[PDB]
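A single chain, nothing else alongside it, follows as structure tokens in the form deposited in one PDB entry.
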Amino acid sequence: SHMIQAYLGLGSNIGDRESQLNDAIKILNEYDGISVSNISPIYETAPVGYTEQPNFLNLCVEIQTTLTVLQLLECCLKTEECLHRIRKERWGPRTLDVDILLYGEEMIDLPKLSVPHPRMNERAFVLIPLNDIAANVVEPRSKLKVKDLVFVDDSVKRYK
């Protein structure tokens, strides 16, 4: 029951993107061991990786959690599988990504999981919305607080 403060990164680029983010937050907070305590603004971001796909909506969430980072990962995975289910086949699959960004001030390096991801520092679609809710949290790989990692990126803009 020692509570860890974690940050998650959420994204959806196809379907009702905002409603997808919204549901993921709700589902995560429904776990006995997770309490959603803050949410960033939503940002519309240009796709990173494949450039030929729709824009994402991204946000980040602060949680107070008594789960271990792997149990938290489980909750993330279950939430993805759940909001991926088709609504109507002809509409196609729905989308949602939920990543653990920060878990207390710990560096976690397991074969199935790295928290923070070592390349998270590259991602404005993460850092910008992260900075709205975790500006003063130290990202342990770099040793920089999130407010000092965040950089200018015009491909990321507030959505509402």
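Only residues modelled in both forms are compared. Residue numbers count along the first chain shown, from 1. Heads up, when I say rigid core I mean the largest set of C-alphas that superpose within 1.5 Å between the two forms. Compared with the form deposited in another entry:
Of the residues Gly33, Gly104, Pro41, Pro93, just one CA atom moves 2 angstroms or more between these two forms under rigid-core superposition; it belongs to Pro93. Legend: core-fitted overlay between these two forms; highlighted is 85-94, the single run of at least 3 consecutive residues with CA shifts of 2 angstroms or more.
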The other form holds:
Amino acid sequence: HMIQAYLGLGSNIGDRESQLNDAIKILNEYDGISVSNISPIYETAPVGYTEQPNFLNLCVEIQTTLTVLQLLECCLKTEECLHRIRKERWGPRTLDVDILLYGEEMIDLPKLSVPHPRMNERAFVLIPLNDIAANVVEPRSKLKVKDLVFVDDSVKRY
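Form deposited in another entry, following the form deposited in one PDB entry:
Partners and other molecules have been left off, which leaves just the chain.
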């Protein structure tokens, strides 16, 4: 049985587009993950610590037989494959793979929260997410993505 999940990908170091492309390929090659939809890529001003490089961000849909914890392990392993050495959450990274949605399920473990608890105020997530998942309901707000998305001029088509 397959679970439909959504991942948020980001990169702000080096050849960002190549790193995101390779990440998608790696994710698709794991047993138990198939990438089923890919959003457009956006160039986005860094949010939070603003004095670091501009990001590329996108979202992907996957179909998965993995548990949410196994999925998290795969996401983290993919960052390691793309040589993410920096671990400062506020700082730059070659690759970030975030679990945005895991079916309509919700979990808030000390170190795994899904739906991603910050997604609803991030245009660098909601814009590419709305591109592929406009009618998907975000379980915490009980709103469809298209009803959460908002205009943000710092998010540009790449």
